[PDB]
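Asker: As a plain string of letters, each chain reads:
Number of protein chains: 2
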Amino acid sequence: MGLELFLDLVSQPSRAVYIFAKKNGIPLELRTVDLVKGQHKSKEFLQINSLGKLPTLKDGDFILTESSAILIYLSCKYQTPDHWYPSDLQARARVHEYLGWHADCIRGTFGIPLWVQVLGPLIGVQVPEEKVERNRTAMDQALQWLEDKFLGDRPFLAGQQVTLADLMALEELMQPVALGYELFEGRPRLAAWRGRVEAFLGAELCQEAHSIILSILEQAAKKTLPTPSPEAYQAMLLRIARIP
Amino acid sequence: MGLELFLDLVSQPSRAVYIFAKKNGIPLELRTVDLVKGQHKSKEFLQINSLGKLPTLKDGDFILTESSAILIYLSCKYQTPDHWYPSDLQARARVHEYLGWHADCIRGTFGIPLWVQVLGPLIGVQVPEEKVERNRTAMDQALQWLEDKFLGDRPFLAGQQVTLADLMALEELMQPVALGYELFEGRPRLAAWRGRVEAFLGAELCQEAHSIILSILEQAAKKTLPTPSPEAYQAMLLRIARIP
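Quick mapping for you: the protein sequence lines, in order, are chains A and B.
Note that my numbering has the first sequence beginning at 713, numbered continuously upward.
Note that my numbering has the second sequence beginning at 713, numbered continuously upward.
Hints are not guaranteed to be accurate.
Copies of the same chain look alike in the list, so a pair counts if it works inside one copy or between any two.
To be verified - Okay, derived cross-link-like pairs now, DSSO-like style, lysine-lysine, Cα gap no bigger than 30 Å in a straight line:
#1 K861 with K755
#2 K843 with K753
#3 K765 with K755
#4 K861 with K753
#5 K755 with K935
#6 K861 with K770
#7 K749 with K861
In case anyone wonders, no lab produced these hints; they're calculated from the structure.
Chain A with its partners taken away, still in its complex shape:
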């Protein structure tokens, strides 16, 4: 069974999974893969995940990827509490639905500030003023949508209780926060929901799932960051190259 989980806690989807697995007490072998360094691109790793993306979960000789797939798969195999990923047609659908939008509107837009302030400069590459703004006015744009469209009156994006939908959302949101952007400033709805979740999860877990990234801006200043391999350098140039 083994059941190892290659991941880097600077990777927002990685955190999500790690958090889920931890909160439901799932025997997991935490395989650390320095992303900043370019570990996920090491020949040895590509031998595990031809894609070289994190977090990838290896169960048996079955290697899966995609925090969504992994979570869902996990949650299933380990019959985790139902509220998480409900078996109710309407309910599950409500989850499936946000995740899809999340993948569209949240994922990839809220990680940008990290590139603009850390990973970018790390390779001498500086992001254009515009892209920066464009991106932020794009964030709150989504923040709102999330706010009143998904969150609205209820306590969670995916309904009445905590669910994969929240774990993912919040975790992704955490990044710009960690970099200094206080998105929960003028959003008591959002704020309250976050607090509600964190509350649920627990200080301990969150205090450690994050850690890595709240420090990172400093490691950045203190030049503690590893020099990325030419393989990571490439991926990094691409990502930066797809910032609108």
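Dock chain B against the given chain A, drawing on the hints supplied.
Answerer: Here is chain B on its own, set in the frame of chain A:
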């Protein structure tokens, strides 16, 4: 029950759903919403989907969105064949996994040629030469990944049989094709897979699910295209504004 499906067959996710529903014979009330025109933004529609996105499926007073959620939801409620969306842990996982990558790497990159050639100019807005190329070299970049990473030796991205994963993939891919980009040129793997699927689905269905978009380049020429509302004008400028 009603079970209406607002959608515009120029919208690749819309096609997907429509196709699934049609192939499995699901009683569906096809609610057409001119996207090009700006229908999905009409006050009356926002009263149905605060988001104004297509295709949105209204079952009972339950309004759902996200082709993924919809499909899955559909497939469930209408106990459609298992191969589609398997109940097997490894299997389903493999689907869930692609969809996530699909949402990341395919969705949003393969619709661009339509904006560059049609929707864009339709509002006097012309896309920069770079973005164009960047985008295409980005498409085949994904095409390959899809090709040998997901497709590889097996017959489908999601395993051995047709599955939501394919319906969506192929449909999205169809756009640049319909625009004149022959992505299946130097990819016998890709080509064969497509042919495999189309085969399965049937000429009739495909012959009509597409239609709308293979014509569109013409309607474009012949100025048959509806002038978009200031609401659609906005969304159109945003979308174009997020082309890297």
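Asker: Given a CA cutoff of 30 Å, do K861 and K753 count as a within-copy pair, a between-copy pair, both, or neither?
Answerer: between (38 Å within a copy, 15 Å between copies)
Asker: When no copy is specified for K755 and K935, does a C-alpha distance of 30 Å or less occur within a copy, between copies, both, or neither?
Answerer: within (27 Å within a copy, 53 Å between copies)
Asker: As a check of your reading, is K861 near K755 (CA-CA no more than 30 Å) within one copy, between copies, both or neither?
Answerer: between (44 Å within a copy, 16 Å between copies)
Asker: Within a copy, between copies, both or neither: which one fits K749 and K861 at a CA-CA cutoff of 30 Å?
Answerer: The answer is between: 24 Å across copies meets 30 Å, while 38 Å in one copy does not.
Asker: Between copies, within a copy, both or neither: which fits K843 and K753 at Cα up to 30 Å?
Answerer: Result: close both inside a copy and across copies, 27 Å intra and 27 Å inter.
Asker: Could you figure out if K765 and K755 sit no more than 30 Å apart (CA to CA) within one copy, between two copies, both or neither?
Answerer: This pair counts as within: shortest intra-copy Cα distance 13 Å, inter-copy 42 Å.
Asker: How would you label the pair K861, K770 (within, between, both, or neither) given a Cα cut-off of 30 Å?
Answerer: between (36 Å within a copy, 17 Å between copies)
Against the hints set out earlier in the document, no violation occurs for any number.
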